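Taking the form deposited in one PDB entry, here's one chain by itself in structure tokens.
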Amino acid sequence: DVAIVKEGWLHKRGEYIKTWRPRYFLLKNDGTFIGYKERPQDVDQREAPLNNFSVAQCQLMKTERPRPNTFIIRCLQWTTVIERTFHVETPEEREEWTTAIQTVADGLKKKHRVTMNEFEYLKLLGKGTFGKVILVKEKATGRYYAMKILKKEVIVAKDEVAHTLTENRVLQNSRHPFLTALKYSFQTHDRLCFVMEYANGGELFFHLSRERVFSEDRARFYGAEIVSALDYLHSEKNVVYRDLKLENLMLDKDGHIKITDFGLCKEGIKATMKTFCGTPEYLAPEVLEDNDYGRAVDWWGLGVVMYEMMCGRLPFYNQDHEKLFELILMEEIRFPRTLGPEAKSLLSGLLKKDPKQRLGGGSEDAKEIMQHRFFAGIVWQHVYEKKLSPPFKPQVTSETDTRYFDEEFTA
């Protein structure tokens, strides 16, 4: 009984390129709030809804800055606070939208304690608008963790709900072998803390830079583990990762891939007066253009990662952001003659500009990629169960080994 409760034209600010764009948005009773460049011909697609666009448990804010008649939808998704800001031309339209959005969200409602004293601060990993991420070490075990310290006012209003939030999120199917697990969750008076396992086998950009290129065998191994992880998020969790890049890949002590969740939403840097947020080299085209996106965005990100592992170079690159966008949006990917046809077939399939034509963009999602001839001979149950031996063993003997945190990291 999924139906549209409200629809119309809005002005949405770009998530990575901060400019306003007219978008036709659909609000549905299941919580999805998705916008399109133009009105779609199909009202509801058969595939399962994605939480990235859901309105459940949102906070509605009406602001007059930076632009009057702005309203902001703010949600905690897993451990990251994401914001979507919109603008309508009249205050009367904003109330109609915010009321409809609120009614959909309300209709969807339906030691012994861990403290900050148990951890030793080591290093700041990142600062964001709604908190920061720090590298810590638990004093009792010596194991290293990334702690997301988020402002509590932004997320939940009541201390009783935040206690259930810390209590639930630890157990809510955190575990897939190649996703960084969320281990502890606690709160202070004004902060919400998420403690995640930190892999000590070295960042993947570190390993790729010193060995310059991975062979097709070694890239097939990491690529198979990433496929397995992304299949879990899409089918089991109905979430698109969207931030798949080399900087978010690490190895554990054994050499298996860990996809990290250490990010936080920031306000970008100011193209003299244009505010860009982060680097665009890994963004799917449909993400750059603020068009509707789905599970195909991760397969583009897989393509970028696979391309850099096997070619030793980012697929598209230019110092000017204006020229870069055209490279990502228009220029076709080119391959060195060293790549075999199976590597080229997979990479060109993953980097198709049109998401509906992209490898893995159909209704079968990850199975199109698992059956691709590049992954021939890969037993996918053995990938999940870590029965494949890693082709590279990081130079650590324990998980408290700090070698990839020492100043040998400079080499």
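Positions refer to the first chain, counted from 1. The term rigid core refers to the maximal set of C-alpha atoms that superpose within 1.5 Å between the two forms. What changes on going to the form deposited in another entry:
After superposing the rigid core, the C-alpha of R337 moves by less than 2 Å between these two forms. Residue displacement note: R212 has its CA displaced by under 2 Å between these two forms (rigid core superposed).
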Contents of the next structure:
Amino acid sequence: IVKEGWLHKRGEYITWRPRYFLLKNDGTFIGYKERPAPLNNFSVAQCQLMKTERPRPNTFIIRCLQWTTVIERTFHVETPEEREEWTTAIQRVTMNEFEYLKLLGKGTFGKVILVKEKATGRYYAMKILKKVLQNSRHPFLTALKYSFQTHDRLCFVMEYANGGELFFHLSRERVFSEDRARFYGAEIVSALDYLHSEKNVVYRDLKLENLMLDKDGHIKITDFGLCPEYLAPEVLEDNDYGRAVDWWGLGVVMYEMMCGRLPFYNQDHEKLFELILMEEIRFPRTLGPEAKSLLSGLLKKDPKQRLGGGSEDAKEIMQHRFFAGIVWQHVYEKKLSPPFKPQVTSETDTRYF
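One more: the block was the form deposited in one PDB entry; return the form deposited in another entry.
Chain alone follows, minus partners and molecules.
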């Protein structure tokens, strides 16, 4: 522990709340609602500090590039010498190689472009951020093929699955069978397991929009971050959070696969946030009891009690009844037989673009 004490923190989602922070020698910087393994999401490594006076004097900002995504946390103290304490405490290929084809996403920090590589014909996604790295040896995360820089832009070329978005395949079919969900669920769990233990990283945005299928119908987890129905309670009320957020997410995604609908819904965001924090779930009668058990545990409102939420993390999901007779090393080596294969001949079949 290098320094500690109250700071004001801006509510990343639904404004300012005091919170007791702990900077540490490992890099970590975390805030608890009262005076109280490590995750690289909360680290200060290669971050960039910014004193400022908008929209409240003695404000400061930590901005970090984590992997291919820019992260901002904003704080505010009572006096400038105080802000200053904390501050000090805290401190080839080029664009010509590709065709630009479709705008996959815009946002504040940059753009994501569907791109064909001229020298091979193969399609990737290019993340371009307005102004070293070892990949994850795991097949269902999004791999980074090329990273390069121009004079005003940071460029990241990464896999882009050509098998369709899982949100579309579901919109079409309305609902998934309990065993198709099991297939998707197991790949996701393997992927998040890898991230949690091999990287000490949480994904935080597990939702349907962030899952696609490759040529073979296997899962790909997206890395296209540029900037409610899926937010964990813990995240709403703006606590310390951890690896369990991804399991809350996994429950929501699985709930919607197997019930063809969202576990909590409402047009008004404030009554949605109420529901997330207060309503227990009415599960369908049309639904297997091992499934019910998985979802109930994945969707527990207290992260410490949630399934996957203990010291064992993902091992607690992997050995649930619902996942009986899944060989996990099989999953990792893509040895499961996808139920759905999308309409696609080659890696390059633009049918789904």
